[PDB]
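Undergrad: Given chain C, work out where chains B, B', B'' and A should sit, using these hints.
Listed below are the residues making up each chain.
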Amino acid sequence: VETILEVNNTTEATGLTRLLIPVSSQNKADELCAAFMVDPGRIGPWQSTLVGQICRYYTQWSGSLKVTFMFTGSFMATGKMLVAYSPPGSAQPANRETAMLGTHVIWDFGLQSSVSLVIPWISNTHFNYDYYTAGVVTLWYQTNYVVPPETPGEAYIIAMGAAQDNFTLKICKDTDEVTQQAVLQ
Amino acid sequence: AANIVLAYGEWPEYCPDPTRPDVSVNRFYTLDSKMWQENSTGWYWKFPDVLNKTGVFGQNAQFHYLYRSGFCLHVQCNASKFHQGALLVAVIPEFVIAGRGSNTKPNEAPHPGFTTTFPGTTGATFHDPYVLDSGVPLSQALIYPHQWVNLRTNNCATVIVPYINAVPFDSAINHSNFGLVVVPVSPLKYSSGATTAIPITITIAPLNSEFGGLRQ
Amino acid sequence: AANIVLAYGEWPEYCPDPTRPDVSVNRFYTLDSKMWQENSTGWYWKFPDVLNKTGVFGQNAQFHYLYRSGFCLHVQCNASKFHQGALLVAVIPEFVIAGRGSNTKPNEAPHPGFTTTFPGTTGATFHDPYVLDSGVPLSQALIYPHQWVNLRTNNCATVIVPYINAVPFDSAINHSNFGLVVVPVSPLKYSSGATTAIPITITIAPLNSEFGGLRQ
Amino acid sequence: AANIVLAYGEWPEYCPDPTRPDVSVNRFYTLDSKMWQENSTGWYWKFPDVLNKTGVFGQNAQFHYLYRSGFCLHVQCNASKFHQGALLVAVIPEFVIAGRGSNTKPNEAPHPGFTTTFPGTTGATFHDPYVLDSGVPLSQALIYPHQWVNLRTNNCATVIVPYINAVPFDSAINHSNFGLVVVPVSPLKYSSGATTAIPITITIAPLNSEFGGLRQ
Amino acid sequence: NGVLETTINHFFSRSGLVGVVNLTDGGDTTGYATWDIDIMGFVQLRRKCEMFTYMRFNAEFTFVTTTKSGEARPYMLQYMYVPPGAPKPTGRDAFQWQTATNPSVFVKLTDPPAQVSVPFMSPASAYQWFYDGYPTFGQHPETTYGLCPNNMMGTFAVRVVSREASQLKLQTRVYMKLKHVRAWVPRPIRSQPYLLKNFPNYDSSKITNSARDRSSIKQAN
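Quick note, the sequences are listed as chains C, B, B', B'' and A, same order. A prime marks a further copy of an entry chain. With the entry's author numbering as the guide, the letters of the first sequence map in order to residues 49 to 175, 183 to 240. With the entry's author numbering as the guide, the letters of the second sequence map in order to residues 97 to 113, 122 to 320. With the entry's author numbering as the guide, the letters of the third sequence map in order to residues 97 to 113, 122 to 320. With the entry's author numbering as the guide, the letters of the fourth sequence map in order to residues 97 to 113, 122 to 320. With the entry's author numbering as the guide, the letters of the fifth sequence map in order to residues 73 to 214, 218 to 296.
Treat the hints loosely; a few may be bogus.
[Stated by the list, open to error] With a Cα cut of at most 25 Å, we get these calculated DMTMM-like pairs of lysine to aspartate or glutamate:
| id | chain 1 | residue 1 | chain 2 | residue 2 |
| --- | --- | --- | --- | --- |
| 1 | B' | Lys293 | C | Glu209 |
| 2 | A | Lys281 | B' | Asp232 |
| 3 | A | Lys281 | B' | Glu212 |
| 4 | C | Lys76 | B' | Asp136 |
| 5 | B' | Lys209 | A | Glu122 |
| 6 | A | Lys252 | A | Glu132 |
| 7 | C | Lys76 | B' | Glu212 |
| 8 | B' | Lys185 | C | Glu145 |
| 9 | A | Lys120 | A | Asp108 |
| 10 | B' | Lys209 | A | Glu214 |
| 11 | B' | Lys185 | C | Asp78 |
| 12 | B' | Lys293 | C | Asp156 |
| 13 | B | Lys185 | C | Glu205 |
| 14 | B' | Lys209 | A | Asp110 |
| 15 | A | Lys180 | A | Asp97 |
| 16 | B' | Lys185 | C | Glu209 |
| 17 | B'' | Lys185 | B'' | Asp113 |
| 18 | B'' | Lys138 | B'' | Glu198 |
| 19 | C | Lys225 | B'' | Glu314 |
| 20 | C | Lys225 | B'' | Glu142 |
| 21 | B' | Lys157 | C | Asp78 |
| 22 | B' | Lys209 | A | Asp108 |
| 23 | B | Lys185 | C | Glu209 |
| 24 | A | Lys272 | B' | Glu212 |
| 25 | B' | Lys157 | C | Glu145 |
| 26 | B' | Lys157 | A | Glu132 |
| 27 | B | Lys185 | C | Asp156 |
| 28 | A | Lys272 | B' | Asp136 |
| 29 | B' | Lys209 | A | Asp278 |
| 30 | B' | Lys157 | C | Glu79 |
| 31 | B' | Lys293 | C | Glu205 |
| 32 | C | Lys114 | C | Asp220 |
| 33 | A | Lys252 | A | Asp110 |
| 34 | B' | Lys185 | C | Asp220 |
| 35 | B | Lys157 | B | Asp126 |
| 36 | C | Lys114 | B'' | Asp113 |
Treat the hints as calculated values from the structure; they're not laboratory data.
In isolation and in its complexed conformation, chain C is listed as follows:
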């Protein structure tokens, strides 16, 4: 089941606005909108999802994941984004141009209101200096956000993700997600 990621989690929008990442007219083309590492099992955007919370109960996982975007802008608005995935071991893509050379999808809002990107493979392995390098997915402005007159010039992307059929987990363990220790009474 694909559930919403929090890609904007930082100390600014605190609320239901923590689930939404923006786009605007003022942002020039060919610059970064947002990025997030893809791993279910570490802190950050995946702690909100099931696949993220369900991987806390198991030590080892691996398989393919499915990341999906949805555009809430107006029917009149148009533009393009470049959503690209850099495999683990490669760092943050610095430029759209180098980002394009990897695995990407050009996604035009006017045509599709939703895009989907299948990250091929991802799993954990051990044996905080390790810091578990994994892939990241970035979302770039291909073209500036085009809007007609008398229409809002600011919109939100909403990102959600889930595992696919070959995703598996093993070696059960309890979660650190709760420190509560027996409310009772």
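TA: Chains B, B', B'' and A alone, transformed into the frame defined by chain C:
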């Protein structure tokens, strides 16, 4: 009508061989529309409640001791091409709101009032929707039977839900089988001069109903 | 996708029986979009240049002494229904810009600089488009393989061009087979409040490529 | 060519149904020859390292996150009929050198440096070969896949080794699957006036290669 | 209604004047005259073969020679054609003129004109008058842009055959007919005037409009 959500992949059925009101209860009930605006925080309807005091369906439920049925829900949102936003239409079984404003004791713990638990025909409104007032993470609400109604794309959402419960029959007044939660994930935005408040209309058809234990 | 322009009514083919990079070079390259506004004068890309310094295609071309291929070009323009204008998308073989600012002698004649002749990945911009900077009449540019992209109607233009040249193989760095000219015949107009600058995205797929003479 | 050593009696194969570079990586790489003389103590090459920074094979390995392949190794020694000696050519999996110069503690134990662990294209040289710098008895090194190259008899040694590891795929930069150890068991002897130093040439063909996880 | 006048071959037929060369005998310094073959020379035929990109054809040259006063006299002339790549005659008496591989036609001045044909000489499959790029492969570090050696068609040179110098003065009108013409991938035809001989360069300030103006848009003559 493009896509219907069929809850849990299973159709409503009658009692698996307790009476049936023929076709008499089969018809659309259209609730008072909710007016959605920039700051709107969401709504919910405890479902075998909303129809309790209104209609021919309502007279049966109050006068019968046991109750069974499924439903078909249509949620329409009328708005221009210059408005934008998104709503999350979900049907979540045994939806139980919670006391907020923490005071933790056996005594003074602030339990919800009846008007807050069972809202009635006019539904209720989330204080803080981020937790769905359940303490649970809304970002995971997509588990339940759900549909996105996104003004950019189709403005209608329809969901059929079967009767679900641990028992075959249960009281219509006391127990609320499922609630219907409508939240404005991405806030409504509009340019100056457009109509400010967008209506939300929910139509519900109690298909496949049963009653029993009439009270003179 | 409604209409493709197939240049000179002939499809790309391989060498008429020099190696082939299997399918390895087959994929879309998406150039940095150009930002078109009221006063925009047009753009051009010397084509077996644009890809010279970028991509897996670029490493082959710089490291191989001979080169052959055709192309498939897609030019999209995103813009509202309130914007208006028209562009002329043409692929013109052996496009040679010219020294303007006349001084006629054997010596001081102002020849173009390399950055002006081969623009690179970011393309270049016409000083005076009326002559296409060739001294030739743009109103006749419709001879070449061309498409109109008119914001009133479809916003996409696609053109397939075969490899054309007097010789079967030629160097990728020195010789630029064809240029791609995009001109705003009718200027862009928009009402106050609309987005000011309209992007132009050109995607190019080096289909049917060959290389030879690798240099260690 | 008289005798090939086929390591562990099993041929290289592809992934047991992750991509393949067609035949593109199939060709001989010839390392800088080592100059063997009276006092020479031996050499070694951590193998999926030697090719890491050199060649088309090298660009793939550095730019791909996973790696798989076997190899074919040819070790030739050119020398007259008046020279004499013997070498032991062995391919020993997971060859791990060791800190010598004992200081036994949790802290100051002299671990090897990176240049000593992974030598690079030029290989490295045993301090004391009698233990193979593993602490293990060289006189038992004949366990591994091995060949004697004895100047009295044939001067060539060829060994094919399959890909061996506990996992199907592994990183090319970090993990060195097998090392190649060449030791001068019986020292080189020559009469006065003969050429003093005998070259040793090792040619390696990365047959049956696979890569995956490209990094732009 | 006969299409034959519009074919691409008939359009380039009809030998015109592609050049004129003058000859005077002091006997030593310049006793000869040389003319490189260039069809870009005049503006009528240039503007025609610049509406195409690749062209393949044959050339047929006819040499009309008269004297300054115009009245002939039976002096013998030599027309040497040095194919592309051969060295050009550096003097009336130079050893270039006895090279066997440079064809020649000895014809007297009082005869009808001399006439020869030239094949298609390029190493390429067709000429190209528009070349975008650089001739050099040597990684030009960066006036050499656009000029391709491939179009060199050779050269003619003219002398008077004699042991001593003859004081006559001549000029040679050279008419060229263009045969078996194939043409590819057409261009638009030039609006602007030409400035430099061999280059497209034009005048940016003086640009002339393609169509002569009129009074108002809605009044038709």
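Undergrad: Determine for every hint whether it applies to the structure shown.
TA: Against the structure, the hints:
Annotation: proposed proximity of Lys293 of chain B' to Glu209 of chain C holds, straight-line Cα distance about 22 Å (limit 25 Å). For a cut-off of 25 Å, the pair hint linking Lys281 of chain A to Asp232 of chain B' stands: about 12 Å separates their Cα positions. Of the pairs offered as hints, the one joining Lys281 of chain A and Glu212 of chain B' holds, with about 18 Å between alpha carbons and a cut-off of 25 Å not exceeded. Restraint check: the Cα-Cα separation between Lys76 of chain C and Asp136 of chain B' comes to about 12 Å, which is no more than 25 Å; the hinted pair holds.
This hinted pair checks out: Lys209 of chain B' and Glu122 of chain A have alpha carbons roughly 22 Å apart, not beyond 25 Å. With a CA separation close to 5 Å, the supplied pair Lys252 of chain A and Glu132 of chain A stays within the 25 Å bound. With a C-alpha separation of about 41 Å, the suggested pairing of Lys76 of chain C with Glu212 of chain B' is violated against the 25 Å cut-off. For a cut-off of 25 Å, the pair hint linking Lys185 of chain B' to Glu145 of chain C is broken: about 30 Å separates their Cα positions.
Our distance criterion of 25 Å between C-alpha atoms is met by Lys120 of chain A and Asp108 of chain A, whose separation comes to about 20 Å. With a CA separation close to 22 Å, the supplied pair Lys209 of chain B' and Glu214 of chain A stays within the 25 Å bound. Between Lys185 of chain B' and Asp78 of chain C the CA atoms are separated by roughly 24 Å; this keeps the pair inside 25 Å, and the hint holds. Distance restraint check for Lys293 of chain B' and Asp156 of chain C: the Cα-Cα separation of roughly 23 Å lies within the 25 Å cut-off, and the hinted pair is therefore satisfied.
Taking the CA atoms of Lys185 of chain B and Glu205 of chain C, the gap is about 11 Å. The hint holds against a cut of 25 Å. Distance check on the hinted pair: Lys209 of chain B' and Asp110 of chain A sit about 19 Å apart at the alpha-carbon level, within 25 Å; holds. With a C-alpha separation of about 17 Å, the suggested pair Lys180 of chain A and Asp97 of chain A falls inside the 25 Å cut-off, and the hint holds. Taking the CA atoms of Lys185 of chain B' and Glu209 of chain C, the gap is about 18 Å. The hint holds against a cut of 25 Å.
Among the hinted pairs, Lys185 of chain B'' with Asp113 of chain B'' is inconsistent with the structure: their alpha-carbon atoms are about 51 Å apart, more than 25 Å. For the hint pairing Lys138 of chain B'' with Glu198 of chain B'', the CA-to-CA distance comes to about 23 Å; that is within 25 Å, so the pair holds. Between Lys225 of chain C and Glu314 of chain B'', the direct Cα distance comes to roughly 28 Å. Violation of the 25 Å bound is thereby established for this hinted pair. Taken as a hint, the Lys225 of chain C and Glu142 of chain B'' pair is broken in the structure, with Cα atoms around 58 Å apart against an allowance of 25 Å.
Proposed proximity of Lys157 of chain B' and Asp78 of chain C is supported: the alpha carbons are some 19 Å apart, at most 25 Å. Between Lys209 of chain B' and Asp108 of chain A, the direct Cα distance comes to roughly 20 Å. Compliance with the 25 Å bound is thereby established for this hinted pair. Note on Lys185 of chain B and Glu209 of chain C: the hinted pairing holds, with a Cα-Cα distance of about 15 Å set against a maximum of 25 Å. At most 25 Å may separate the alpha-carbon atoms for a hinted pair to count; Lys272 of chain A and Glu212 of chain B' meet this at roughly 14 Å.
This hinted pair checks out: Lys157 of chain B' and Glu145 of chain C have alpha carbons roughly 12 Å apart, not beyond 25 Å. With a C-alpha separation of about 46 Å, the suggested pairing of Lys157 of chain B' with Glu132 of chain A is violated against the 25 Å cut-off. With a C-alpha separation of about 18 Å, the suggested pairing of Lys185 of chain B with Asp156 of chain C holds against the 25 Å cut-off. The suggested pairing of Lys272 of chain A with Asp136 of chain B' is violated, with an alpha-carbon distance near 38 Å, which exceeds 25 Å.
Restraint check: the Cα-Cα separation between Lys209 of chain B' and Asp278 of chain A comes to about 13 Å, which is no more than 25 Å; the hinted pair holds. Distance restraint check for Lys157 of chain B' and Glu79 of chain C: the Cα-Cα separation of roughly 21 Å lies within the 25 Å cut-off, and the hinted pair is therefore satisfied. Pair hint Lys293 of chain B' plus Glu205 of chain C holds up; C-alpha atoms about 16 Å apart against a cutoff of 25 Å. In summary, the hint linking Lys114 of chain C to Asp220 of chain C is supported, as the alpha carbons are separated by about 10 Å, within the 25 Å threshold.
With a C-alpha separation of about 13 Å, the suggested pairing of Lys252 of chain A with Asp110 of chain A holds against the 25 Å cut-off. Restraint check for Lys185 of chain B' and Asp220 of chain C: the C-alpha separation of about 43 Å exceeds 25 Å, so the hint is violated. At most 25 Å may separate the alpha-carbon atoms for a hinted pair to count; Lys157 of chain B and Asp126 of chain B meet this at roughly 21 Å. Using a Cα cut-off of 25 Å, the hinted pair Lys114 of chain C and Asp113 of chain B'' holds, with the two alpha carbons roughly 24 Å apart.
The structure shown violates the earlier hints numbered 7, 8, 17, 19, 20, 26, 28 and 34.
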